[PDB]
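Trainee: If you want the building blocks of each chain, they are given just below.
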Amino acid sequence: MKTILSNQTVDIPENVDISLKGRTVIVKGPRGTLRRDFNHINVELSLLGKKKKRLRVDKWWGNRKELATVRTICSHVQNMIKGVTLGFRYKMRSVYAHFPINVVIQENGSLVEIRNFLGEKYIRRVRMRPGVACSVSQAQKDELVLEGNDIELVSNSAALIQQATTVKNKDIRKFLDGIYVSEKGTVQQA
Amino acid sequence: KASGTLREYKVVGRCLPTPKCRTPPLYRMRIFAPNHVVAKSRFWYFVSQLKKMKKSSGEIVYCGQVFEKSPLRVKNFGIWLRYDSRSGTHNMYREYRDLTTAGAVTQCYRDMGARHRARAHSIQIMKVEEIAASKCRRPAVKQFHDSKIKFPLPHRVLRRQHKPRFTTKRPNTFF
Amino acid sequence: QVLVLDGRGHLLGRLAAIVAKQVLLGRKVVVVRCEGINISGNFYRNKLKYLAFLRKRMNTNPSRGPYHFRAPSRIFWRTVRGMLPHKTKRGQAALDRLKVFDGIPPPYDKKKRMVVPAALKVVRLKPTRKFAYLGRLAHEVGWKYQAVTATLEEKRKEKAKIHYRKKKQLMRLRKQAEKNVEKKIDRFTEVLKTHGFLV
Amino acid sequence: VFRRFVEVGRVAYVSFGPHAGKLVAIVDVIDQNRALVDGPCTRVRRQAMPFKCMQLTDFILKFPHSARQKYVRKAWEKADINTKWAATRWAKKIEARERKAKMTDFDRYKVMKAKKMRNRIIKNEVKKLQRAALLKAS
RNA sequence: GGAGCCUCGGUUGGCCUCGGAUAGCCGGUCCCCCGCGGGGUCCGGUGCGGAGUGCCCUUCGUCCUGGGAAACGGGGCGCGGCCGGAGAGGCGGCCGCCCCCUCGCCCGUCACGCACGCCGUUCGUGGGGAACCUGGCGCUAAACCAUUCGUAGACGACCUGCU
RNA sequence: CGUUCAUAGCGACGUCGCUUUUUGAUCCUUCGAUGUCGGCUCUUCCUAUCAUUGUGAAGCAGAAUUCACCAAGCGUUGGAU
RNA sequence: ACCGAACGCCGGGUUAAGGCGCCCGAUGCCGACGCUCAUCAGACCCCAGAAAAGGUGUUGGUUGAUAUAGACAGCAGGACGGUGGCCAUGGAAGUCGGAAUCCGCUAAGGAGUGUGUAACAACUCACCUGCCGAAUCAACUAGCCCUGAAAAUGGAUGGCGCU
RNA sequence: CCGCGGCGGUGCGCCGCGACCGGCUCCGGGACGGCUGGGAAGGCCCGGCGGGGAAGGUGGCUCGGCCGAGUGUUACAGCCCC
Ligand SMILES: [Mg+2]
Ligand SMILES: [Mg+2]
Ligand SMILES: [Mg+2]
Ligand SMILES: [Mg+2]
Ligand SMILES: [Mg+2]
Ligand SMILES: [Mg+2]
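Protein sequences, first through last, are from chains H, S, O and M. Heads up, the first sequence stops at 190 in the entry's author numbering, and the numbers go up one at a time, no gaps. Heads up, the second sequence stops at 176 in the entry's author numbering, and the numbers go up one at a time, no gaps. Heads up, the third sequence stops at 203 in the entry's author numbering, and the numbers go up one at a time, no gaps. Heads up, the fourth sequence stops at 139 in the entry's author numbering, and the numbers go up one at a time, no gaps.
Among these hints, one or two may not hold up.
[Claimed, not checked] Listed next, the stretches of chain M that the computed footprint assigns to chain S, with coverage defined by at least 3 CB atoms under 8 Å from CB atoms of chain S:
1) 6-13
2) 52-58
3) 79-88
No lab work stands behind these hints, which were simulated from the structure alone. Backbone N, C-alpha and C define an ideal beta-carbon position, used for all residues, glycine too.
All chains should be built: construct the whole structure from the sequences, respecting the hints.
Mentor: Given below as structure tokens:
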């Protein structure tokens, strides 16, 4: 039934400054801005506290599937804050039993050529979502590093190269190859 | 039975006396109905089930409307049911929050139609008892038990859509 | 003497219903910015529903068969045509009053245009419900001129923004003017608020 | 981003119904969509009333959630809600709208004559202001 | 400018932001950025919207004279120049010069067939179309047949040629 | 049953359905006549998908594969009796 | 052939059964309370269409739990010995099967849920803690919705449409 | 011939009014009965008698300028309720 009220709080840290034009949070700090719109979620994004310390999200007269959004908005702002402060660092290790998936970034991070996958002549070119920047790591041999602020864009770009390197018309239990996400960490930990 | 908004009725009746049973016992009920006419009928239905006693065999003594003694108090009513499904017959304990018993039973009859597509003639109300803040088992009731209750009326959709059928102004729903 | 209705923010059949009766009572109507009409129910839902309508054709000679108009204006016309007795003389006469446009062209681009609040999306739908823009719909079913209609409307909105700024400028001067003059309009301005304006 | 609330003690103007155009305090909330209501000073008997019909003011007079009518009568007359309401811009443009409805035919004529002139005076003063603004621009 | 068939509907106008809806509208920026405006922040007002389509604009008898408040506004299908407008522009705007008038708001002051209680009145209207009398400035045909041709052809049609 | 393992693939004893490309029932229509089989020729639809595109499954290492999904766009031939 | 109602020719009124977005007479009620979103929605006697069986889809019930002796999940630590227990040898020391089926240590572990073994091993599946911080969880049941759900000209809640 | 005096039928054509009656459909006023000789309410207050939420209180914490606001506990009445 209609729950008379639900809410939550999102305690912003003193480094970051968040601001909300209505229902369109914009979060800025060390690394950069991250806007996100929630016109489509239907909530009261109050912002309270001197020093602007916490973001509150009411949701009045919600039914079960309307009250399910409350936390997911709150959480999306949490990631947004993390992105601004620390920034996300997805690491993905290449795997093969023969053909050593030859990776090479191109423009800056943007492009990812993925040559010699399974001994295929086809060279996979994979763009990155605006903001994300791939880079071939050191201190680990067959391993990529995708860094960026907007987690959504990062993890999508990770998937983009994960599904790029897919095996068709074979026993995938046998043929375990491709560039898989190994670790979802941050650019700096504190 | 059908409906409108019901009224509690008191109906007392007796299997009419004989040579063998000279002063027979009176039986009273709480019969919710739109009018005395169907009240008395409803009285007879319930008694027939319980006691060997029919409308021919008896006389209704006193049918009388019963008034809520605290109209302008807000109350919580526990109501015990006995409905018929498409499948088997069931029991429930519903809870409503209302100013009256009648209002609370009326409210029930609408809910049951809504939630269980149960039509009047299928439903048996057994007991209707007003209840404390506690002894309320349903959270749909329980949320209104609070001193400093506070909510807005957020997306206040308009009516009077045909006062100005046509107009320049796009409407407003923030207040 | 003529309705002009901005079809933006309305509901396709809901508006069409109201337009039909106006049109049958001899009211000449114009319906403008038809691409902006929006239809309840999630997008995909309605695309299929249209695509079905496309499938309907007279097997032996499609050239005869139900003419599936793409443009949002013609779509909206089609749905209003479905609520009149359009095989009659009076029905055909009725449609001849109605005048529909993708976007908002030159007679009506400098006319104030009404809004049927009984067909409006913000009112008639729950906010958590989904809907479709009849533009998108029209576009994907083969409407040629979305982008053109967009490029012409950006001009119009820029052209209009200017008009509003000048309008505002007069309003402001008029607010100043009254204040400049309010001892030599004082015993007029008093009488216009005994009988209850200006308050 | 809400400013007015179904609070106990909120004064609400009834938009329509039997008690249309009357203020009324929210004594207790019965339900999702029904408020137990009273308007002792404003001639409105203690009764349940749906929210759909009441639109709510910016006046929260303070009493306890199910007092016995006497006390809300005091909290109304202490705050002097009738005086404060009639002072509001809202109530003024209600009063206005009623006086426009009461208007008689001779009264309607007077008005027209008063406006006919009053809009002429302003119109000139606006034109003068435009010329002065053009002179500044030159 | 004059008559004169016919077809009818009408019986003040509204000359425009964009949009939002768990929000908006207006100001003004002291201050900052961009091309008199645009964007920002901050502050001050409105918000069952009075910078309201529940709205605005307009007045609806004619004249006379003789005061007041308001007063350079209106006109002569007044006349020439400079604009803006292309989505189906079809409409405005702004600038010179000639002549004429004193119109809105109050008051006085009289008079206008006052047609004797009684219906389609009252306008958009110089309306749309057809047939007829006046001035000024412009105009000076193509098409089809016939003939020819064969890129064409049942026949028509089509492509060509002919001071 | 499938070495083992009810359900990769199957599936007894039972059970619930759809279909009108089988055959029956039935006899409503037509007996002042609706030309009675097959083949040829031609068009179009259906999908209950053989192949082809995209995919999930395996008792799929590869090859070969059956099981299933979206799906009827395009195909589905030459002969002997 | 259903429901309503049975007909001389007409005016006014009122009904029935049916309705009242528009087609189409009537809700252009500020109607009341719920339920339900369907990439096959649903939408009214006869009637022109679906079942068994499913679904933490959502909404109600019913019955039982649980937990401050601070749980419940979520991660982390052990899972033994009497004992190749007995039947079965073809190998079953927990483990193709079946009769059994208790004690010790106990904080506590079944003569064992499975994985897998020729058979073990090895792994895996209570009782209890550490962190976190209020409800948690099970089994039925019935409403709407969904799967179940395949036909041949293009198509029919009557149509338009409707959230 | 003028009286349109009294009575009778009529109106060339198009109209309108008036009052009377019949049948309808609405509107506005008032006056009564009965009930659990209605139920609730209001108003005046007084004397007691308990119980509950939860308070001009106190208290942990939080948020603002001792005061105001927001949760939490035992609960008398100096907010009420029964
Ligand atoms: Mg293979
Ligand atoms: Mg006329
Ligand atoms: Mg076996
Ligand atoms: Mg047959
Ligand atoms: Mg034949
Ligand atoms: Mg299929």
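Trainee: What hints, given by number in increasing order, does this structure fail?
Mentor: Per hint list: single violation, 3.
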